[PDB]
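2 protein chains.
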Amino acid sequence: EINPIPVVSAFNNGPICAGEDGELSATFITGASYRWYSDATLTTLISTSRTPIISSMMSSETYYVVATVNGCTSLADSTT
Amino acid sequence: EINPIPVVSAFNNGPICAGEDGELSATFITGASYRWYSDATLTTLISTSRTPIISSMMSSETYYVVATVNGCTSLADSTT
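Line by line, the protein sequences are chains B and A.
3827 is the number of the first residue of the first sequence in the authors' numbering; add one for each residue after it.
3827 is the number of the first residue of the second sequence in the authors' numbering; add one for each residue after it.
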């Protein structure tokens, strides 16, 4: 059985005002797990949710997402 | 049948102000049960929920989580 590699895209709420809670989201892939990272090298894990909430953002920041399907991992996408 | 060992990660709401209700969460594993402990030795059980609520926290505290799948237990993760 040769499994396909899933493709996932990342998104956000558009510009947000400092002090507000930012939200991240990603495309839904049936059966996929998701992992969000703060590092470009994917070494620090933030959360494991399709749509995590980031409390009290005071400054611009970037996030990376990897989706996993049937043991196969997507390339990470990113959003700012 | 040889079952895999599940991997579960723990999270929280980020810094919270004293007197507020803190929340814990953990990665979702399909079919897993969850157990949260207050002790590093996993001897005191707090709750059995993926996302328990901790009322009125007045000080920093740490929690441990174990997920169980098909009778196999994960290593405990932790969050502060």
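Simulated from the structure, these hints should not be mistaken for lab results.
Warning: the hint list may mix true and false statements.
[As the list claims (entries may be wrong)] Label pairs and their in silico Cβ distance ranges:
id: 1; chain 1: A; residue 1: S3885; chain 2: B; residue 2: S3882; range: 38 to 46 Å
id: 2; chain 1: B; residue 1: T3894; chain 2: A; residue 2: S3882; range: 17 to 25 Å
id: 3; chain 1: B; residue 1: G3840; chain 2: A; residue 2: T3867; range: 24 to 32 Å
id: 4; chain 1: B; residue 1: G3897; chain 2: A; residue 2: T3894; range: 32 to 40 Å
id: 5; chain 1: B; residue 1: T3869; chain 2: A; residue 2: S3859; range: 42 to 50 Å
id: 6; chain 1: B; residue 1: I3855; chain 2: A; residue 2: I3879; range: 36 to 44 Å
id: 7; chain 1: B; residue 1: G3857; chain 2: A; residue 2: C3898; range: 31 to 39 Å
id: 8; chain 1: A; residue 1: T3877; chain 2: B; residue 2: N3838; range: 20 to 28 Å
id: 9; chain 1: B; residue 1: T3906; chain 2: A; residue 2: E3849; range: 34 to 42 Å
id: 10; chain 1: A; residue 1: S3885; chain 2: B; residue 2: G3897; range: 35 to 43 Å
Ideal Cβ positions, reconstructed from N, Cα and C, are used throughout, including at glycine.
Hint-by-hint comparison with the structure:
1. Take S3885 (chain A) and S3882 (chain B): their Cβ atoms lie about 20 Å apart, and the range 38 to 46 Å is violated.
2. As the Cβ distance of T3894 (chain B) to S3882 (chain A) is approximately 37 Å, the hint placing it in 17 to 25 Å is violated.
3. Range check, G3840 (chain B) to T3867 (chain A): Cβ separation about 47 Å, and the 24 to 32 Å hint is violated.
4. Roughly 21 Å separates the CB atoms of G3897 (chain B) and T3894 (chain A), a value that falls outside the hinted 32 to 40 Å.
5. Range check, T3869 (chain B) to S3859 (chain A): Cβ separation about 30 Å, and the 42 to 50 Å hint is violated.
6. With their beta carbons about 30 Å apart, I3855 (chain B) and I3879 (chain A) fall outside the hinted range of 36 to 44 Å.
7. Checked against the hint of 31 to 39 Å, the pair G3857 (chain B) and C3898 (chain A) fails, with Cβ atoms roughly 21 Å apart.
8. Against the hinted window of 20 to 28 Å, the Cβ-Cβ separation of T3877 (chain A) and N3838 (chain B) comes to about 23 Å, which satisfies the hint.
9. For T3906 (chain B) and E3849 (chain A), the hinted distance range of 34 to 42 Å is not satisfied, since their beta carbons lie about 26 Å from each other.
10. Look at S3885 (chain A) against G3897 (chain B): about 41 Å separates their beta carbons, and that is inside 35 to 43 Å.
The structure does not agree with the numbered hints 1, 2, 3, 4, 5, 6, 7 and 9 stated previously, though it agrees with the rest.
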